[PDB]
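A single chain, nothing else alongside it, follows as structure tokens in the form solved without the ligand.
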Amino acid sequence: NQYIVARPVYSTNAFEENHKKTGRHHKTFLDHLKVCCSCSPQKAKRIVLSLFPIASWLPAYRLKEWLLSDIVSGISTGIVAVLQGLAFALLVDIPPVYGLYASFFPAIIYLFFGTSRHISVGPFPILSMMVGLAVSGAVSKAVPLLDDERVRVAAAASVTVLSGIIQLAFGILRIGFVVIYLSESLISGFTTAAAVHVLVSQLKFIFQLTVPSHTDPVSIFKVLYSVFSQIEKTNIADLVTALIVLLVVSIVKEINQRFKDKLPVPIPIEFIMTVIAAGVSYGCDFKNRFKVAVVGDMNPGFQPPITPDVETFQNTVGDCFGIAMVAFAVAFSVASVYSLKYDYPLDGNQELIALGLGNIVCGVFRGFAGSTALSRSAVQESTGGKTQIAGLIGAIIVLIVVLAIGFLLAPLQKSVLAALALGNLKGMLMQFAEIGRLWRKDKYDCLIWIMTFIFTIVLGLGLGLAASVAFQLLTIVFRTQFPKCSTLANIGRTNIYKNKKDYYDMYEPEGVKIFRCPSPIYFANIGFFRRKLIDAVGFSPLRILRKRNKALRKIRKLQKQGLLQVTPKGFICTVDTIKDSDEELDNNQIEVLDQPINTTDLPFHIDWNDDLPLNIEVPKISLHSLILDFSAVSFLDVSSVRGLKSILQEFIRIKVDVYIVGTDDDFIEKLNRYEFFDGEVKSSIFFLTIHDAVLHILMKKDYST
């Protein structure tokens, strides 16, 4: 092996002159508008196909293969959807038939505009908890037992309509990259805290204890106190049944996960023992014997459309924004997880449009918001659902439940539904090991996890997400707040430059300091970079310039006094001692000290490093070349270019050449936008790499010698 290079020393300006730069037309906003507003027949066709995916992928569906698997997967996910939807309608404290409506409508709309195929559309526990809290707040704020239920369902429908409108608006405005804002740690923490919330919520149904609806913040602890205060009145039969169902569900889930290939289809434990619980409650009359709580009979058929409440809109637009954001985030996470496995593209904007239409249609017919449940999506995908048509079948099953089947689920205990919810909550609760894992791996991400969990427990599910998101954005500033700035040195008498303190027998060229900041320089870390540069060089450039200026003022005062005329080669002082006091100039004149040095009047060049006459002392500097390795510096802003230009002006004014190395051409173009370059600070300071600058310095000094 041998690395042999023999080429001329290049600066970026010299690089442009030596090699021809191609003429690349720069796209402008008007040019973009030309493409956007072209309205080509092919472009219009592709746009209308994009907005209506079902027409695109309907003939592509394979009847021979996908149909059989889709039929079974749809049936399984439909049964799961019915049971779940009853459970969340319990969580929202509205009759379960509205949970059935929420299971029905969003999926049947999403079929038409659905990019993904393996997700099941409907409510999930976190979203249903947020909807319940939002309607509780709405009924609290609004100003003038069946009437209370009617008011609750009206508020839920209005909240769902508003969330659907927000999702549709974001989808039309082509903003689907909002998913990227939430990091993995934040989602993990929020999901774990929401699982704790849902467990605490289901406790009241497990013990069959009456608990008033508590709004955020600290709602979880309020519910905990309300339940534990009445722990004596706990219905023993409900607790026993819920515990039994939860135990067998957990064990069954463990069996399914352990034997994935051996087991043909996942065992429908939830449905099986929902049937068992309903039968044992109806036959033995648990409602009268042990006074258990049951969902009771539900009115068949969908409700007529309801006009959205404008008042609820004004009161809960804030909750609706969070509901829509969480719904889209969870749906897109699940859809991406399945797409990467099955290799089919997705449009985030189309996902937003589809979910917005689903929520709008659902809320118009009195159903709460719902996007996608990870558990139900897993059931549909593992069962073998190739296409979104399977979801259709699930919705049909929900319809079959709403019309004529609904009377079967009348004698079903609510504690059973709580147990089914806890069975799914177990997987979310298992994520507590992430604290230790991330603590070993990345401190900032573990901090994000812990802070998100604390915020979501202490605050609500809605405010918790916003605080966590704001906090996570802050950790980005935390990472680059204090960059480990290093001073580099040459080793092996070659172009390799490495951290000065790491290796032995490093060679540092005399009068040359190489400084590297491995972080983007913006408002957060410009002051730290300035302080670290001064620490690395060993002297303050501005202080050196000010002392030099004060010394020059003293010499000029000496010449204007006529006591000591300037020698042709130096300063000839007739008096043995200057005996000159400090000037102590006023405030207004202080800025004069900062002005650059001019030696045009002096007939001879004066170097500050050599000794000065008249007992004048200015700190000496051995630095005559400063290289800034800006390879790792990604971007700059105004607060960065201002500070950087001030630092470069201060260094140049004391005759210390500055070379910035490692930057690409787009960086120099952007720096040209900021009006960074001027007469004093030219573009010749931008060199190609560190060794090019070092060789330039050595050649310049060799010519000087």
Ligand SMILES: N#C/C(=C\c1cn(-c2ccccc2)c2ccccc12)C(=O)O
Contents of the next structure:
Number of protein chains: 2
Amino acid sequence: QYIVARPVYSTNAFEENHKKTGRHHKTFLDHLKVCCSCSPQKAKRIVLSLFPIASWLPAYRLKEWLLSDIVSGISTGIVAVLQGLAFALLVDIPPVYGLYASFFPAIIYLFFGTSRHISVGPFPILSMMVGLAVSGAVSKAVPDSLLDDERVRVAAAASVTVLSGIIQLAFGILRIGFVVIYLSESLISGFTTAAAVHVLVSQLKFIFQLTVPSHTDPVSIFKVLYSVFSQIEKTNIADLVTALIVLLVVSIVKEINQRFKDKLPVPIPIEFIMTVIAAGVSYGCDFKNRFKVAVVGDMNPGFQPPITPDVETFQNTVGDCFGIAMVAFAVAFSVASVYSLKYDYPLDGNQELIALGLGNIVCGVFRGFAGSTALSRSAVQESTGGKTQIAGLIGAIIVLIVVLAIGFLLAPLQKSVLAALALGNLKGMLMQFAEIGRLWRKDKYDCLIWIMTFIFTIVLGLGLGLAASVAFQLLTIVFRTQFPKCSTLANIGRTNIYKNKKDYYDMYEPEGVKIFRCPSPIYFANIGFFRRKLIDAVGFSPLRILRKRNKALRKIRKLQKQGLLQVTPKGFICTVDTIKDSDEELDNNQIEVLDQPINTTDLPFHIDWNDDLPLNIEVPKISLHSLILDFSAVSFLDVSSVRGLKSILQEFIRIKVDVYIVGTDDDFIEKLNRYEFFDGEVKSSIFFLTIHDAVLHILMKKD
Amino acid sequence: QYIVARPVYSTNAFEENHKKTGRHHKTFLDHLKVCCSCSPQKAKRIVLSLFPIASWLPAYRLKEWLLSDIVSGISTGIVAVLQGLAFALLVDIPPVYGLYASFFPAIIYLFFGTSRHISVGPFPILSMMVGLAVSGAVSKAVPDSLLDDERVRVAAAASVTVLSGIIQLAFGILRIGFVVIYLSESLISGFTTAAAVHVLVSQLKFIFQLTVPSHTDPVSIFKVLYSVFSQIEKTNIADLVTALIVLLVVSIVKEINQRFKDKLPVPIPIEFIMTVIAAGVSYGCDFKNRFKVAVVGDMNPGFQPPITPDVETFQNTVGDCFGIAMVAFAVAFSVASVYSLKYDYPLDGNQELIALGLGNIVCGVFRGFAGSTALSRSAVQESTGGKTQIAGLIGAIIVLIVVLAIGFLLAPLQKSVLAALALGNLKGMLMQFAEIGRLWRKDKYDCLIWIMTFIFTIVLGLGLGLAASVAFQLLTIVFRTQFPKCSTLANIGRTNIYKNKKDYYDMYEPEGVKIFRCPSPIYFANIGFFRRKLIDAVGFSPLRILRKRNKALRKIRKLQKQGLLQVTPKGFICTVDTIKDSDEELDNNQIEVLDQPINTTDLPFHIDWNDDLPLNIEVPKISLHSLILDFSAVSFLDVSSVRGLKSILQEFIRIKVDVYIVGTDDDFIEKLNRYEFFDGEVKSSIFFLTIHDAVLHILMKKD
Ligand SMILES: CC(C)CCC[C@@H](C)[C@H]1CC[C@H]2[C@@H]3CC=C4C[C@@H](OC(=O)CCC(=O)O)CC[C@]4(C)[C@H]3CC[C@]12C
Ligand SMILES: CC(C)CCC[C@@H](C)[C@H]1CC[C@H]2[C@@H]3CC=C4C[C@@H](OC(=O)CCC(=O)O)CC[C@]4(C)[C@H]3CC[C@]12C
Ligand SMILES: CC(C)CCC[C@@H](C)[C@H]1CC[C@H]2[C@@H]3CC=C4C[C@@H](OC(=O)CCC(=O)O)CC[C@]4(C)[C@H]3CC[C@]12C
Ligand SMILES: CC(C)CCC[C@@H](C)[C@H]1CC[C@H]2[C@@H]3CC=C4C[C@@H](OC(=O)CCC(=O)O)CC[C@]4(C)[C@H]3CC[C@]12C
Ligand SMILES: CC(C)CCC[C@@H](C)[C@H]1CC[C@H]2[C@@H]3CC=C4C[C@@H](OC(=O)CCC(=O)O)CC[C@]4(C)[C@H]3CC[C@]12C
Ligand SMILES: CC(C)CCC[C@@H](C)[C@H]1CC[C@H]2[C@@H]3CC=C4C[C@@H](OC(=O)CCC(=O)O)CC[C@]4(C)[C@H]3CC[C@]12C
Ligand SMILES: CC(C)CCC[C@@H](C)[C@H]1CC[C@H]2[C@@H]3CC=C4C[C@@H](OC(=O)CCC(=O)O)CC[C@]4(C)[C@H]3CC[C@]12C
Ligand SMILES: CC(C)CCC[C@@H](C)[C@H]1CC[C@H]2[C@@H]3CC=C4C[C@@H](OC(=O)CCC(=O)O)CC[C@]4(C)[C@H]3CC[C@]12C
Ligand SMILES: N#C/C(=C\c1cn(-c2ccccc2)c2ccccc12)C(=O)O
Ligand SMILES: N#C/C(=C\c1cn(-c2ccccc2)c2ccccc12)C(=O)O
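Right, the form solved without the ligand is done; let's see the coordinates for the form deposited with the ligand bound.
Shown next: the complete complex, the earlier chain at its head.
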């Protein structure tokens, strides 16, 4: 049973009887002495965190991990080759520059990366963003043969990814890799669903084999849909039927694959099989002069010399590279967190930013495009038994073998087989459309974030819809705390339990006491609503009672100068039966003296303000004498709240109503001490521990 | 004294013994039957709120208010004439179009407005915004004598203000006039200080008499400063010395004016006096051919016929007109709220939006620019004794007399006297620079809002810095709740008071109980920090203990198949002294079975997990058996919080640690019922009333 016998405490009387420890909290100048104090332990702890390969490579279990890493590396390197060739088409550069995007960041991440299970390379949302930034950068260059219009796109892609890597590396150095908390899962879900719709639309010009101009920012998906479906009569039917056959086979076998996972080890590489079959039947049957199928061209065997990034492209694409860097880091951290939770090893977000930025810089210098991880390729690497990032090294070696030696193969590949392979794996992102119903019946504030993120991304493009979506998801936090359900409380069962007055049957309120509760932090978007709810909860406005009391006092003092009210020790004598109702109106520059506190020390008689005032002065009466504010769910105040609350409490104190703030911790009062809140009128003795403390104090101080 | 004797309640046992009232809360379809249910009382209540002049005009006290309204109307009409002429220069149109800006909204607001003390007209921040929007609109028009370049600016100004009035009227119709709560007072203070710096810079080309091109959006103030100070050798010294003399005299007399306010009724109109003296000495001495002073030209006597707004200017200036409408409504509501609080009458914000939008539409049709109220002119109207909006009618009649009849006067006015009069009244907005110190020592989150609003407005212009400032002040709410000071609580004095464990001396914790407190709402930017703080507060991670227990159970079950552990009713028999430490590593696709709940029903012996496990199996021990979460300051959860909290509680329950959530109201649990939160593992019986309830329940259920 609950049995408590203690004294009534008042948050000052609690601190006289219970000695505090007196903690000396930390300043700024010693925050700048814990950072600059270097040590031989601190330096080695830093340089083993900058080069994580110095810590996991000598701890390699080369009896339990090597064969699994080799098998997983081969199985992810084949997928990396095909995905690089397919994602180079979304940037509209020659396809061999896709392979450079799947080699250099995977080599840099082996040395500088902290995850063990992600596969580093291109992924289609980032490749679409890089393609849109290139189309925006070549449409803004100053002026000074379709081999030279793609030589500009390659240099623009290289410059965009060098700038994105520079931004990522700078944010990793500045230790602000915690920015991934500013994206909710509803925002990520809506953004990835709309990006899957963007990817699905962008692969239509390769299936139908049409020529679509490179549209730009505001509504890119509808311009591309119009330019595709206005030329639908020029559709090459061989590419269409080949893409449909490859798409049907890869979706059927990818359903069969995960439908039967207990019986099937190292799952079926149906995309490699269909690519081999399609390139082998396009060769031999000569699907380039019988029909007019566009193929992957003759890729040159070898790497290309490094280029210097153009500062004009740096100037024209600053916000595009900011969006590319943010989306790349957010996707990589979201994918790597799954496997770090699954296998229990720590992830360093700032080291992730440093490794991805260095990989993107080295990739863009040697003419590749932007890299992060993909969820699909990382799932392929982890599903086949990847243990460390040596599987990434074997995958990069497979990409290297394809670049240097076997590049005469993949030349009869039909360029719509790649689009069909990219369309066959949009299923996981398109199945997120069944989340509007769940979030609708769950929250309705995150369903709004989902729907507005989808709409903003669709009708504003992948770079600008993300910024608008982040701003709207910041608005929804204000929407949650805008009109809080403010309550009046009452006692149940004649004990220390106080709940909502409209919720149970036999509640009891002490006479003259009001207990008000705001279940929300009070800030600038909240304080006027709080004042309105408090005023209609107590039943009156204290400013009106104060002003009418001041008007009555001015009329009483005016009648005292005329000798009409001879003041006794008790009671006014009233040596007139009735005066003829002369009300006096004050001017402006003089009305604010009605808001001053009443000091009736010149009369020996104590004016009651509640019984009856002589000579027909109405002065409306109140029954309230004590007000309790339950500030237990109020997490913070800012400035506007402290001003408005100081005004409310000053207006309540001046009409002789005691106020009590109840339910706060010591940090709340310690922050209120900085706000110039307490003075000779609002004292610190209004704070109490619990509601029952204040109620017992009221009942003791009355009688 | 505090004496309580009650049973221990558990938020389900409280609702079996206290019958709820069962309120039927309101749906959507009856929200759409309270709006469409029309009545003869509802219709008259609506149409008396659309035309407020039908309610205050027959209640006019024409014995106490008429002379004061006449005097205040004359005193504000003279100021309205001079301010209209001065603010027409910030738009760079001829000055007579300033007077039309101070006539038509003041006439429309007399019929449709709810305030009684504001003066409607131009104010310099809005006139600078209209000038910037005109300069941006004439720099974007398609192509098809300095009399024709200002005929384009007049039509662009008219179109911009018609679109701003349309936006204001549409937002007043849609009942969303509560948007003024989205601007903190720190944002308004920083914005108005930077706008005062903009106004001070924009009046330099009229004092020095220079020719400055109409610069635009990104850094307008530095381009204007460069274009002024590169031509400083061409300064007309007569305009300079006249502006300095007028500025010195008006600042000295405006200090003298409010230094002595008790002795001085109806304060000194020093601006009217200096304008009369300057125009009378510029005439007669002929300050137009002796020197080369630019003067206010010959204004044509009369109004101008209405024009149709160009839809090209509507197309080019959508965001500019949105910013103009928002700033006009915010300034007007902030000024009108002061006098509504001072004189105790209700303000309707949506009717304010409707009246201002109609006034701006009618003003822009008849070739004026945008209108709202100014704080200075409203202070002049209220200080001289304005009672109703009939003072606005007398002011508009004074402006009408100046337009129709006396326009041959104000023709020798020196056009830098007006700039000096506008510079002499920037003191109130420039004295807000002494708020970085106050907000620095008070909050440091609103000082940041002030500084970033000032910087964004200065280096981005008045339209775009406001949007960036609103986005940053939405970011600061996330900054406040990002890393909450999470605590571990303990008991003081062997009663029902639980406070921070590091704060007092003789605290007591029950053995095996941890009380954790997060003093913040938990949302998407908050849940990973909450999980990290809970894990390092309890001293371990429950996933690691669960996985190591599952590994130990798999090794025990493997040794049972070999007959090495013959299970008794109690104790393992262990018919081997020591096996040679064969640890087994699981594959991927098989590791997640370490996260499954332990069901050791196949053994009759109860496995302890805390004493000793045979054959040297370590399985790290915990002393915790009960965890209490103090969710009293947690105002809301969203989706990510419910998922992360469900994960945390499921991981704690599976290692046989009872969890208790404590301190919530019934609305919190009612919202958690929608989230698919409770199941066969996480039940609703974990919720308790207070911390002492849960602690007494723990101590009763142990022994
Ligand atoms: C929920 C709210 C925030 C949605 C707001 C949507 C607007 C941002 C969209 C809807 C209509 C769009 C417009 C629809 C059509 C066009 C014509 C289009 O014309 C072209 O130049 C086509 C391509 C070419 O030929 O170059 C340019 C974009 C534009 C102005 C669009 C700009 C973006 C707009 C205004
Ligand atoms: C998520 C959806 C429901 C939000 C609302 C969608 C609208 C903003 C979309 C739907 C139809 C779209 C239009 C569909 C087709 C076109 C034609 C397109 O034309 C061209 O690109 C070139 C035309 C030419 O050759 O002149 C320009 C965009 C536009 C107007 C689109 C503008 C954006 C619109 C109005
Ligand atoms: C904390 C992180 C986000 C810092 C990242 C900083 C970069 C975004 C900045 C720093 C240096 C900047 C560069 C400094 C100088 C120039 C040269 C400038 O060009 C010229 O002055 C002449 C050449 C021309 O534009 O024709 C174009 C912008 C650019 C590349 C700037 C682009 C933006 C850069 C890379
Ligand atoms: C959010 C925090 C990390 C600060 C980020 C700052 C950047 C957004 C700023 C800092 C340096 C700026 C650059 C400084 C100099 C230039 C050169 C400037 O060049 C010109 O004006 C060339 C002539 C012309 O464009 O007509 C164009 C803007 C730019 C790229 C600026 C773009 C915006 C930058 C990258
Ligand atoms: C705290 C952070 C967010 C501040 C970010 C500041 C930037 C938004 C500013 C700083 C430097 C500015 C630039 C400084 C100089 C110029 C050259 C200026 O050149 C002109 O065209 C001058 C006028 C003309 O001759 O037409 C155009 C604006 C620009 C690019 C400015 C664009 C806006 C910039 C990038
Ligand atoms: C609140 C402050 C401390 C924030 C940082 C200020 C900078 C963003 C400012 C300070 C100096 C400014 C510059 C001062 C002078 C000029 C020259 C000005 O030149 C012209 O307008 C035309 C030049 C020509 O004739 O070619 C263009 C803007 C610019 C570069 C300004 C760009 C913005 C700058 C770098
Ligand atoms: C809830 C509130 C914010 C609604 C406010 C809506 C306005 C901002 C919209 C509604 C109608 C729109 C107009 C509808 C049609 C046109 C014609 C359009 O021009 C043309 O189609 C041809 C002429 C040309 O531009 O050359 C230019 C934009 C404009 C004026 C639009 C400007 C923006 C307007 C006024
Ligand atoms: C925030 C809530 C209240 C919604 C606000 C919606 C507006 C921001 C949208 C709705 C209608 C839109 C307009 C619809 C049509 C047009 C015509 C369109 O004309 C052209 O594209 C002409 C050709 C060219 O510019 O090259 C330009 C955008 C504009 C003004 C749009 C601008 C953005 C507007 C005003
Ligand atoms: N990963 C993996 C596999 C196949 C592919 C997945 N996408 C993809 C498509 C859209 C979004 C994200 C990923 C491919 C793209 C081209 C060629 C092959 C694939 C596998 O072998 O299972
Ligand atoms: N109001 C009032 C008075 C004088 C003026 C105040 N500004 C002003 C200037 C900047 C910002 C806001 C206001 C004027 C402008 C032109 C001509 C006269 C005035 C008064 O007569 O006291």
